[PDB]
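Student: The chain contents come next:
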Amino acid sequence: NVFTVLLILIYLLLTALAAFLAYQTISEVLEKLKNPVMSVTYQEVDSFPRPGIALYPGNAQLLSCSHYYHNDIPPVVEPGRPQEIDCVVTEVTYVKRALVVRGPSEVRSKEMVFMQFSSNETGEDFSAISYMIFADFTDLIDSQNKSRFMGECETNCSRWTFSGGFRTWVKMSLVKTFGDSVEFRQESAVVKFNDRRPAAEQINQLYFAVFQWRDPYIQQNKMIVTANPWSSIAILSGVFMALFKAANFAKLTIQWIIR
Amino acid sequence: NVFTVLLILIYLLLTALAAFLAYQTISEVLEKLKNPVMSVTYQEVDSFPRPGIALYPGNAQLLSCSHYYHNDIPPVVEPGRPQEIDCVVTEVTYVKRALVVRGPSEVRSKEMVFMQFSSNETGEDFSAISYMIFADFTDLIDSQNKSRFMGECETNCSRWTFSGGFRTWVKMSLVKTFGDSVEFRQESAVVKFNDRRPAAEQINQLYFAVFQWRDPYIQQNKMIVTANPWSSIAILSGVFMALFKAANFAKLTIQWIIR
Amino acid sequence: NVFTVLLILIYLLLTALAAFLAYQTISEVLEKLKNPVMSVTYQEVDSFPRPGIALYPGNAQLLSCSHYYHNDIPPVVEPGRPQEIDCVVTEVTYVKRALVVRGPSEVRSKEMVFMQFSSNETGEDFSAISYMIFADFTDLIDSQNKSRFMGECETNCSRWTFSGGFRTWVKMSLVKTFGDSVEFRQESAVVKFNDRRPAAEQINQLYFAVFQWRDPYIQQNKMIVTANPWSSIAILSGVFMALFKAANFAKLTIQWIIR
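So the protein lines, in turn, are chains B, C and A. The first sequence runs 65 to 159, 168 to 251, 255 to 334 under PDB author numbering. The second sequence runs 65 to 159, 168 to 251, 255 to 334 under PDB author numbering. The third sequence runs 65 to 159, 168 to 251, 255 to 334 under PDB author numbering.
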């Protein structure tokens, strides 16, 4: 009577296959649950809120802050001192002065902030001006104390520079992270400014900069996990249901073979 | 006779667990169906088709367009006017002249397009030359009218610049998007050209540029969704099958306990 | 007796639905198995091992290699020749001399390697100095022959340049790929150095460079496939179990309708 030994063999092979599938599903779901996957989405926005460009001039002085639309850069009429157009907020924080310039809105009309500095430097030998871009300009002027908020952004918001003698076309764009947080990233483009001034007044450098928006989109980053635990739990129920089914079918076939 | 109340309790708990799994699977599949995932693939290509580099010189004049292999840049023999080598297509579109230069093929042999401009500028004060790279040069010369095709690429294809006085080593690479579309992206590298000319003829700037391919690969972008709706529908069938099974086993156990 | 024709019709529709689900699950799992998905993870590291910056000066000579902490760049006391501080390894490979400079550790203290070159160039007309960053400096000095290891890194590790007359603030960061491999990527920032030297000794250029770490993180890249084959095999078992179940329920309902 070797029929019950063969029935125990096919039941042992069926529970071995069910235990192998139950190990492999839990191992694969834990492996896809360990490493998350970033998912990108481009939300279109027709008009941005006006950001703040917190420039840090050491001894430089702002000479222009004129907005220009539709990529129309005119020739500058003189490298002396004209009057500003945009609203500047000169504030002194300590964690240094931060000449905050209100940035551009209206991305579809291509608005830029052409600005121009000048510095007769004598102590430093690397002509740079740092800056830092935060998300909203009205949050600065609608604050009860500006030196708390600019201090707070001097720890988290990152600082780039531009050079002395070059127009630095800065094209910024937003990135929103979920999981909320909103940060900037820019791409400079250096173009040499040829001096056609007399050589008596060429001791002072000139710092041009163009800040515009790149494209009317906001990149959205969501951290997503590609493992499904509830589905995996169900899949284990469908395995543990067929481990009973195939054992009952083998118990029927083991008696039907000697009928 | 409180046995039917306990059978209705275990059947209510089983259909509550089945309704909870049927809500959670549909919610998880809709959440993973909302946010897609970009998938990158690097198709290797041994030889690229020759692209077109649509330069926009304002008043500059091309002085060289010589190909060089194996990263061999020779010294330029004179900053005057030699003769060109590559094929230029001077065409006038309006949406400006677009001196289209046929780009490099043979990425494994490291072919580049060394070019040199010159401009005695008097009206502008930012020495830049814009350019724009489209995917195939033979599509321009095999067109019935070139001002339709260049006008079409002046809306979609993006424009970078290079400066006056610097060699701008542009290393381009393709990106193909699926979901078809093919676009470029480049990374410049500015190196200062020191003038060793007499100072009588230093009124005109010099614009050097090097266009080569970066690596023999084409990055392929496919938008992929990590949710499986057919599998989810099946998983719901396996849940709604075990909601009957466990209720039948509870109906057997409720009568077997008082046997 | 048209009841068996209707039972064969509902059994044919049930095996058609089961064959459609069994085709669609295998097609969706093969489609999500064809295209893999890159997964990013940022492992924090409090202190990096010191890398090697394999500069290639043609005829330039190193004049300083001083470390500075906490973004404190002092004024350089003279553009002549001071003495070095960091350890340089001048070695001659051929696949050229490779003046290997030991890079910075201690990312949280913001350590940089300020260096300064000088070259009275007469044969070349593009003032550039190439470099190349490998992962560990002690692997070079703890090698039995340095010209094998530098040869081997001259094929795989990529080469950037910096210019003559500009401070090039290089901010490097690691990327580790799995599937092991470790590579660098940097982002330069060019700032013009204004010469305040007498014009008799301005025939030689000056090459400044700053090498620091960007942020205390190591980006980890794992290639992950979003398809689950074992789960798909199970899902097929749950489909092929319900194809029997619904056929048995239709066989019960076809006799219960004429009871």
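Hints listed in this document are in silico derivations from the structure and should not be mistaken for laboratory results. Some hints here could point you the wrong way.
Copies of one chain are not kept apart here, so a pair can be met inside one copy or by any two copies together.
Unchecked claim - Result set (BS3-like, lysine-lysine): computed pairs, CA atoms no more than 30 Å apart in a straight line:
(1) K182 x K168
(2) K248 x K320
(3) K320 x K182
(4) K297 x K267
(5) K320 x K243
(6) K297 x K243
(7) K218 x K248
Student: Indicate which option fits the pair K182, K168 if close means a Cα-Cα distance not exceeding 30 Å: within, between, both or neither.
Tutor: between (32 Å within a copy, 20 Å between copies)
Student: Indicate which option fits the pair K320, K243 if close means a Cα-Cα distance not exceeding 30 Å: within, between, both or neither.
Tutor: neither (64 Å within a copy, 62 Å between copies)
Student: Since the copies are identical, ignore which copy is meant and state whether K297 and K243 lie within 30 Å (CA to CA) inside a copy, between copies, both or neither.
Tutor: both (24 Å within a copy, 27 Å between copies)
Student: First find the shortest C-alpha distance between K218 and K248 inside one copy, then the shortest across copies, and answer within, between, both or neither for a cut-off of 30 Å.
Tutor: Within one copy only: 24 Å inside, 41 Å across.
Student: Please work out whether the CA atoms of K320 and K182 approach to 30 Å or closer within one copy, between two copies, in both situations, or in neither?
Tutor: neither (68 Å within a copy, 64 Å between copies)
Student: When no copy is specified for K297 and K267, does a C-alpha distance of 30 Å or less occur within a copy, between copies, both, or neither?
Tutor: Result: close neither inside a copy nor across copies, 40 Å intra and 39 Å inter.
Student: Are the CA atoms of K248 and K320 at most 30 Å apart within a copy, between copies, both, or neither?
Tutor: neither (51 Å within a copy, 47 Å between copies)
Hint compliance for this structure: hints 2, 3, 4, 5 are broken, all remaining hints hold.
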